[PDB]
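Below, each chain spelled out in residue letters.
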Amino acid sequence: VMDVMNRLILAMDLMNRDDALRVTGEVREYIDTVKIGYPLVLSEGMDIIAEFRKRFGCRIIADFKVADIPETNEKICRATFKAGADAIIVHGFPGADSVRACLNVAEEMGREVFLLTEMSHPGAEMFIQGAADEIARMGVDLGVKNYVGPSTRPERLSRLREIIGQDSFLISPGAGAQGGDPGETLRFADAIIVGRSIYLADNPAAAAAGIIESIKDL
Amino acid sequence: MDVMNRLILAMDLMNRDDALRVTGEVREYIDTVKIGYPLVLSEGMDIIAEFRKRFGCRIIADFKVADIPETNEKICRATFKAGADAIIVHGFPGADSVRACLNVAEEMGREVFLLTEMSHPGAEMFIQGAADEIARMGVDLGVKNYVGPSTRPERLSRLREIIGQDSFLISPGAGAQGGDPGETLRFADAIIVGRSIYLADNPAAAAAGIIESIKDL
Ligand SMILES: O=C1CC(=O)N([C@@H]2O[C@H](COP(=O)(O)O)[C@@H](O)[C@H]2O)C(=O)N1
Ligand SMILES: O=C1CC(=O)N([C@@H]2O[C@H](COP(=O)(O)O)[C@@H](O)[C@H]2O)C(=O)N1
Numbered sequence: 008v009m010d011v012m013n014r015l016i017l018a019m020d021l022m023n024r025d026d027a028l029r030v031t032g033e034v035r036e037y038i039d040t041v042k043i044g045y046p047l048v049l050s051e052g053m054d055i056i057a058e059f060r061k062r063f064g065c066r067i068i069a070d071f072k073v074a075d076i077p078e079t080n081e082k083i084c085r086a087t088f089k090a091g092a093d094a095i096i097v098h099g100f101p102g103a104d105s106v107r108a109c110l111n112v113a114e115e116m117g118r119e120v121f122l123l124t125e126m127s128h129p130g131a132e133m134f135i136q137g138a139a140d141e142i143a144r145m146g147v148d149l150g151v152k153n154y155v156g157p158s159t160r161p162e163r164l165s166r167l168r169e170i171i172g173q174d175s176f177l178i179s180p181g182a183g184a185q186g187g188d189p190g191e192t193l194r195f196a197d198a199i200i201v202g203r204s205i206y207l208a209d210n211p212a213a214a215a216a217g218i219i220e221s222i223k224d225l
Numbered sequence: 009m010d011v012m013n014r015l016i017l018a019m020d021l022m023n024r025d026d027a028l029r030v031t032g033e034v035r036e037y038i039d040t041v042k043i044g045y046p047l048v049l050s051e052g053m054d055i056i057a058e059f060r061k062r063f064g065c066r067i068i069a070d071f072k073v074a075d076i077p078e079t080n081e082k083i084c085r086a087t088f089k090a091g092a093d094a095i096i097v098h099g100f101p102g103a104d105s106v107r108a109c110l111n112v113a114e115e116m117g118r119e120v121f122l123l124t125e126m127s128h129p130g131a132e133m134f135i136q137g138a139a140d141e142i143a144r145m146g147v148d149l150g151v152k153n154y155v156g157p158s159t160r161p162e163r164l165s166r167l168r169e170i171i172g173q174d175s176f177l178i179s180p181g182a183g184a185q186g187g188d189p190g191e192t193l194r195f196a197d198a199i200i201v202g203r204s205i206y207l208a209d210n211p212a213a214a215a216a217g218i219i220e221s222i223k224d225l
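So the protein sequences, as listed, match chains A and B.
For the first sequence, the deposited numbering puts the final residue at 225, and the numbers step up evenly by one.
For the second sequence, the deposited numbering puts the final residue at 225, and the numbers step up evenly by one.
Please keep in mind that the hints were generated in silico from the structure rather than gathered at the bench.
Positions of the beta carbon are idealized from the N, C-alpha and C atoms, including for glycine.
Treat the hints loosely; a few may be bogus.
To list a few chain A residues with every Cβ distance to chain B over 10 Å, as calculated [what the hints assert, rightly or not]:
id : residue
1  : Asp10
2  : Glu33
3  : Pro46
4  : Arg60
5  : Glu115
6  : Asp197
7  : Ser221
Reference excerpt, derived from the structure (chain B facing chain A, CB under 10 Å, subset only) [what the hints assert, rightly or not]:
id : residue
8  : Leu47
9  : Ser50
10 : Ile76
11 : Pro77
12 : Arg85
13 : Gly102
14 : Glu132
15 : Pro180
16 : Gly181
17 : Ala184
18 : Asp188
19 : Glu191
20 : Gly202
If you want a taste of the chain A side facing chain B, the calculated C-beta under 7 Å gives, among others [what the hints assert, rightly or not]:
id : residue
21 : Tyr45
22 : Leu49
23 : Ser50
24 : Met53
25 : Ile76
26 : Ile83
27 : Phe100
28 : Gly102
29 : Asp104
30 : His128
31 : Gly130
32 : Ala213
With these hints in hand, go ahead and build the complete structure from the sequences.
As structure tokens, this is what we get:
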């Protein structure tokens with residue numbers, strides 16, 4: 008599995024190139040894995056992945072929550088990996104064929120797929136939560152090795168970890184701004200994803216260092 | 009929304025030159041183009057403005073928005089800043105995530121299309137069972153534009169029943185995926201067509217043929 012420095016992944020959702028680069032650079036000594044999503048990509052272009060690689064020694068996880076039909080999913084994954092992303096996050100709710108399409112491209116292109124099971128926001132309780140365990144089991148059956156689960160619901164994150172097993176890689180968003188606790192989350196997840204708590208802080212570096220200090224024993 | 013010939017072109021070619029050329033070849037048959045991530049991630053968001061400058065067509069950004077409320081808001085803002093007239097959002101992530109999109113759309117004078125049930129086989133695993141409820145959620149939220157499957161006319165009909173005749177419904181799956189244009193238009197206001205047109209030996213002839221088959225509609 009990828010070796011995530013300090014078990015901390017930066018969710019860089021600033022939409023300004025200058026600010027995104029500044030903040031990422033300031034926390035560079037604490038994080039070597041950055042999650043880049045659509046807020047930044049749709050604002051600055053896919054070349055932002057190239058710029059981050061050039062400026063920082065960081066792995067890039069493209070958080071595109073791929074959720075289309077198989078044919079379109081394949082195209083999205085191809086374009087994303089072509090741009091330099093190490094991995095891509097895919098939704099499991101659209102079904103097995105849609106996930107398989109992503110896995111096939113990742114396999115042929117030498118990259119990785121992360122399967123998003125349950126989400127961290129309140130709305131996730133309406134439809135996603137009830138299908139989450141099955142989505143996770145589907146991922147295991149499909150050979151998925153990387154997963155995403157909610158920091159906001161430790162009880163659910165714990166069950167997801169059981170389903171996927173100790174060998175699978177699990178990252179989790181929701182700590183900080185959304186209310187999740189870093190320490191408790193790391194009891195189940197290999198790494199935590201943190202965005203606003205860091206990038207909106209007066210001193211992002213101090214914020215990142217503070218989070219790391221609170222989980223030093225882990 | 010007034011869609012010319014009840015036909016929306018799904019421009020999923022991933023090369024700017026080909027995308028512009030093919031769209032130009034069928035421009036006389038359409039005035040609404042659906043641009044998704046295959047083209048946007050390959051050529052950039054500036055492609056949307058290029059389409060509006062060259063064709064003056066309506067642009068529906070098919071981004072299957074499916075994130076938390078906060079991120080959904082940012083995605084919608086970036087998308088409308090690029091000139092998209094509407095955006096397609098997944099309903100599966102819940103009401104709060106859809107509301108986030110509705111708010112930005114209202115603020116920028118755009119429309120949100122709620123994707124209920126999808127057209128591919130995998131949609132039967134989790135989406136189909138929640139589709140009716142997702143549609144009712146749309147009604148409760150005041151959503152007026154929806155997306156339903158051409159590949160399952162019975163499901164498309166049910167969606168139409170739930171949202172009513174006043175709501176706008178567009179439907180993908182006609183052609184390549186097996187759906188029938190005419191049958192789909194019994195329930196949807198407009199059909200989305202991609203490969204059957206953009207992968208045809210003669211895109212213009214393909215579009216003309218589809219329109220000829222639904223002439224009475
Ligand atoms: O269930 C999920 C999945 C996900 O990727 N995310 C993403 O994780 C990040 C969370 O950031 P933040 O720490 O709440 O600011 C954002 O980029 C979200 O889009 C989430 O919050 N919940
Ligand atoms: O359920 C759905 C939703 C959707 O947007 N789409 C999109 O509609 C288009 C269908 O294209 P095609 O006519 O099968 O080539 C693609 O851009 C898909 O991503 C779909 O096929 N099924």
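*With 10 Å as the cut and Cβ atoms as the points, is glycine 102 of chain B at the interface with chain A?*
OK, holds: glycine 102 of chain B within 10 Å of chain A, min 2 Å.
*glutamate 191 of chain B as an interface hint toward chain A, with CB separation required under 10 Å*: violated, 19 Å
*Holds or violated: is the Cβ of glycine 130 of chain A closer than 7 Å to a Cβ in chain B?*
Holds - the Cβ of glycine 130 of chain A comes within 7 Å of chain B, reaching about 2 Å at its closest.
_Beyond 10 Å on every Cβ pair: is that true for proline 46 of chain A relative to chain B?_
Its Cβ does come within 10 Å of chain B, the nearest being 4 Å, so this is violated.
_Beyond 10 Å from each Cβ of chain B, as asserted for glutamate 115 of chain A_ = The assertion about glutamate 115 of chain A holds, with a minimum of 17 Å to chain B.
_A closest beta-carbon separation below 10 Å is what the hint needs, so does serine 50 of chain B meet it against chain A?_
holds, 5 Å
*Using Cβ atoms only, decide whether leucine 49 of chain A comes closer than 7 Å to chain B, and label the hint accordingly.*
holds, 4 Å
*Let me know if the C-beta of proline 77 of chain B comes in closer than 10 Å to any C-beta of chain A, holds or violated.*
holds, 6 Å
_Hint check: 10 Å Cβ-Cβ cutoff, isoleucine 76 of chain B to chain A_ = holds, 4 Å
*10 Å Cβ clearance of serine 221 of chain A from chain B*: holds, 23 Å
*chain B contact restraint for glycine 102 of chain A - C-beta distance below 7 Å*: Constraint on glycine 102 of chain A satisfied, holds at 2 Å.
*Measuring from the C-beta of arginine 85 of chain B to each C-beta in chain A, is the shortest one below 10 Å?*
Holds, about 8 Å.
Going through the hint list in order, the structure does not satisfy hints 3, 18, 19, 32.
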